[PDB]
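Before any questions on binding or motion, here is one chain by itself as structure tokens, the form deposited without 3-hydroxyanthranilic acid.
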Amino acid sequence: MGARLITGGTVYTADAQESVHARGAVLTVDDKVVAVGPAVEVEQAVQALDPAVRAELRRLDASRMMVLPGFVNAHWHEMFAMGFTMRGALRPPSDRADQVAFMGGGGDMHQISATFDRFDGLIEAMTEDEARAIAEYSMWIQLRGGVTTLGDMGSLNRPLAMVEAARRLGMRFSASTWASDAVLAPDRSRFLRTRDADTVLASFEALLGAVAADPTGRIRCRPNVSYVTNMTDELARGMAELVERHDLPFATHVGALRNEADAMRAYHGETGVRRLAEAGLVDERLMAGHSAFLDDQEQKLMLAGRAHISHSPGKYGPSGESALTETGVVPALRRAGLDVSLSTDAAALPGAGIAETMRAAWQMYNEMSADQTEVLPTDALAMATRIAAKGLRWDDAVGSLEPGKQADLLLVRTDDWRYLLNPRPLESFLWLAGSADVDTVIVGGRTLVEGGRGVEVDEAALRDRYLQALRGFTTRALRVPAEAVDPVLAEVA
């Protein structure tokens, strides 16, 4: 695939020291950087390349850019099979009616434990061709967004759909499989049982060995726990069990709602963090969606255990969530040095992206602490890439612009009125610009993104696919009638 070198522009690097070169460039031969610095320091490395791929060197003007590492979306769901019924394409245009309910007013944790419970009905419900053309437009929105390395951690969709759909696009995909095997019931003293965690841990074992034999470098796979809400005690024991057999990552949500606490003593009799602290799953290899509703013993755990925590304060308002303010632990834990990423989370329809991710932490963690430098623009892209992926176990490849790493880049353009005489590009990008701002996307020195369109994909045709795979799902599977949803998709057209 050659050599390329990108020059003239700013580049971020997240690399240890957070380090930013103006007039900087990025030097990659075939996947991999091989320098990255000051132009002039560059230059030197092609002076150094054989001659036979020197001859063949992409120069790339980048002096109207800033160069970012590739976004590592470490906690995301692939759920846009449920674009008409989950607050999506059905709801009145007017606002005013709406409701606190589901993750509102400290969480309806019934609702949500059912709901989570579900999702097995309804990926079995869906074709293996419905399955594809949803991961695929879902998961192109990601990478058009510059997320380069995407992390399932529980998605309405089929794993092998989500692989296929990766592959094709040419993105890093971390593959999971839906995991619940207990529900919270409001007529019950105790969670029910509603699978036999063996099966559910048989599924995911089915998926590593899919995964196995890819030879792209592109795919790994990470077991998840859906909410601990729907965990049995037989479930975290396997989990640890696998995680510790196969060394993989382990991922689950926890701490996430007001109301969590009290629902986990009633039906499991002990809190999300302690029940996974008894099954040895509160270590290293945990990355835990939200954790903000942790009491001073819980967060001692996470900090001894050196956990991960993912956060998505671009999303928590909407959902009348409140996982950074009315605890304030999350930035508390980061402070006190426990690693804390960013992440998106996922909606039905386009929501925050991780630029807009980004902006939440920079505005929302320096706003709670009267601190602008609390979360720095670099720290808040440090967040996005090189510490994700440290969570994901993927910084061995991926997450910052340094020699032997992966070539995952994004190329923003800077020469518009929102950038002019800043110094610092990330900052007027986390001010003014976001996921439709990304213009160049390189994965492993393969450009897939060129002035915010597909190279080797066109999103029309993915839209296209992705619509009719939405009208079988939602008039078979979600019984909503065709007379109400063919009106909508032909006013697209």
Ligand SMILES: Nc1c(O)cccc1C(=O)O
The other form holds:
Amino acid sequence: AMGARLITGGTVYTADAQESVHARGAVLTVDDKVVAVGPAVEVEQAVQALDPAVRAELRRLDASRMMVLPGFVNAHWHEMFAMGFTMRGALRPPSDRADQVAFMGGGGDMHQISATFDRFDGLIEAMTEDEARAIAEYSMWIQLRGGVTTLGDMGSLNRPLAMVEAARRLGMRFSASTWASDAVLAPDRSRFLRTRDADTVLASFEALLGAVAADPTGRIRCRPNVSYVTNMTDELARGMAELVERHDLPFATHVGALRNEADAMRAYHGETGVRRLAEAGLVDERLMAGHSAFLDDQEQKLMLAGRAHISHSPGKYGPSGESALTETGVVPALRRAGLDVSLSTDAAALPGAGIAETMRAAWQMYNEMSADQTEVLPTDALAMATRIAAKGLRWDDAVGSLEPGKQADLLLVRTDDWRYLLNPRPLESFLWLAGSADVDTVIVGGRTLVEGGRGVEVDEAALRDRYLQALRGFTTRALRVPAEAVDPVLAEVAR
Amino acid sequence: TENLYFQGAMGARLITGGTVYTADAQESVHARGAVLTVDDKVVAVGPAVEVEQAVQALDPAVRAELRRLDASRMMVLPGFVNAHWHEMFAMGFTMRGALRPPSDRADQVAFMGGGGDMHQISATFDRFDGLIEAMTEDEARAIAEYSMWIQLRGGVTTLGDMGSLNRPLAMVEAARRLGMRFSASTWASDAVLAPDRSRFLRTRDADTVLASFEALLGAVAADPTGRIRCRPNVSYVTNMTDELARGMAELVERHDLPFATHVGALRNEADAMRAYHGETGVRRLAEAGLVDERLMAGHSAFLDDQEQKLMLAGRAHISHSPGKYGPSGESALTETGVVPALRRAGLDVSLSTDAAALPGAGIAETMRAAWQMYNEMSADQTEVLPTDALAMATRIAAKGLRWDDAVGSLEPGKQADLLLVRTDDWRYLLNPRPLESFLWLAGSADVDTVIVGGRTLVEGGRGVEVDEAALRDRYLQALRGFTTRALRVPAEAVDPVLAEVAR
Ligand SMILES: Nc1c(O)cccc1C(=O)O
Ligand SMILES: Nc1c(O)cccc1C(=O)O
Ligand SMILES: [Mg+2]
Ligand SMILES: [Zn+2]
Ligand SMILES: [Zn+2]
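Target state, the form solved in complex with 3-hydroxyanthranilic acid; input state, the form deposited without 3-hydroxyanthranilic acid:
What follows is the entire complex, opening with the chain shown before.
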């Protein structure tokens, strides 16, 4: 048991229903849960109400030189670190001058994207259980280090049980998934090609659900996803709808992500993504739609009528050549209309924008588009990365805000340097001039996992070295990159 | 004399083993590169082994005193050239500042937001001369030195004033004391747009404003450091008479100077310009002879096709500040898309921070913003490459400032103005492009070392000669006096905020 902890004296951002901020606020936790949060004097009354033996062992943390946030909920993420040598990765020349528009850039290479997604099952099968565990634990550590206390898999190039084991070892919360692709859009065909049977794909998810059902930690859940609506048969869509109704689960997919998606969907499936999801019964409160910007008026109305959720990743669109913010403006418009919209990192094969970077991006970019410095307030960017993300993941019963009865998941950020001087809004200074590396302390269920920007039980150097060994094996064996190209890069690593 | 500020010659320095970004004309990047400097200048830059050959060619006495810096765990950048900045820290209590409630929930669209409150902006700018006069020499010195220190700390080695609420000679003295380079200016507003009037109100004589700039130019003509230049500006085309515009054109031709102003900054600007001046900003500048190669235009996004053609024909320069538009409620990137379009058409476009009264986005944050935002708008990850974002904050900015003779790139004969950033942590692991990792996950505070003219001013993220706590405390004392006396904020509101400061 973690017993009682009092974190007192800092600026506390709650992300509660009123987006409450407490200057010189305090948080009292007992075991895994928040018990009191508000002005220091009010929380001191809760301290006096503790069991005497619990009060005797109270851990008092003077956070007067810090800001307190809820733990970040990154509900749209992919484990892709196994592709570090090949995907925008380690073998590129140092000069960027010859870079080309490719993959998700220029409206999207829909054939290449579809084929790449349909290859995941084969590559996951080729990865060893040991490689999967080493790569997952390092990849998920990097999320935790940047303040992500609850992480959502929306389809990973890794083994689901390896990622569950990594989350268990790290102490973070994880919504696990399985890879789901049962169709490919091929250049030499006028219609989708079925690549595997929907019932087998659904059985893979049911096997994961069976494996994590008996989790006693409260830190492991699961959520089925479809990779991308291009790679989704009507049978897979209807099967997902039946599965999430039967098990009372959330559902996630990627839809309306790219300019070129709608034409490819009409050519290969006869209908666009949101309308295909709607026909299957998937456009409802359970849906987290990744990106979801290339929607016509009817699809926007389906999302609003269904009270579906959009996860937006404005920190990473430009470097991918994606245009899911400004080309249509649909996601900010649906948010203004009162659709739930959260912020997520998406992912790549090397470290990219974290939640802190994504919060800055939304604050800058949504506000500039509308000439309105109030459209996304800093506290809105925080809500979008905590409470609203937890609601989309159906984990807001336990996480996403600092309120009595919720899990004691919180971050401390130091505010005593030049960036924060004279600002009564330390979260604003954090969005101007700080990021993932400025997360100092990470607490999950009352347990400190990160302190002073260092792992408490995590050995960062040990996780890194096991990840690099695993990456070497997978890259040379499964991706067939010559050892002659890999080993000199690993020899360069600053240990 | 220079000796008042710093003493001694820097001799030879070899910075070797890191990834070196030159921002030279070829945007050259050297993995395991090196930079050899002698006194104030770069002598050689390239692969470590090639630069070692240049070390062997040094004068023996110079080689005997060579300082070798192991940059193997670092990235080397040119010093940032922030050519569009304002000293505004005197307004820390009033401008999106220290007296706001901690909750942001009641914030309103105001000032620059919602297309721009053109009357309020114009009136605010025209009040600067009175507030600068009200500021004491001691207040000006303390506020300038801390404000400009924060720029230097974030890797700005060359800073351009485009109109400050501070005393010009106080900012020049601050730059001399800090060891950085500075393009000084003077405040220039001779018109205001008032609600109850059919044309602009002339608020002072153009010759007064011109004389103020000529006095600064006279004061810094005698500068022996090579670190101080000056450039006249007009605050904003709203606050500019035809007489001031023509006087500025005559002055920059006679003295062979660059010129800067703000134009096409806001949706509501064009209608206000037509209502009060009979013509929009770029066309008024063009009529005065100011749309030419000397011009650095701040923001410059709300331009019609004819105004875009005037800028291209004149080969003018735009300084863009995409890191800070959203928090001001500005729309100078996406509403028109003009600045990325002019860049694609071959106009010189640089990146700058603009400024506010408290720390905001620095150059590192602005480079990330351009990389994300220009590329997302075009669905093109190659429109602004990371090395383009660096060029826009170094060499191209120096060209717009007319300082590219000496700064903005690591090339033989240019000034030894360099940054080091540590690249040994998780953010950079396996990336052969550390600048890309820096744009993803780092910023101003990750600048480790700052060298100007071969002299280390910042090392391990700390001032070498700067007393950080002392600069801060002098700034806070100066801010207290100015805020209570000149801005008439009650001491009862100011003192509790100063009592809260964490020392
Ligand atoms: N980023 C994506 C995109 O542009 C299209 C389809 C899927 C994704 C993704 O986030 O996996
Ligand atoms: N940011 C500005 C604006 O929006 C209008 C006019 C001037 C400025 C400025 O940068 O000073
Ligand atoms: Mg509008
Ligand atoms: Zn995704
Ligand atoms: Zn400006």
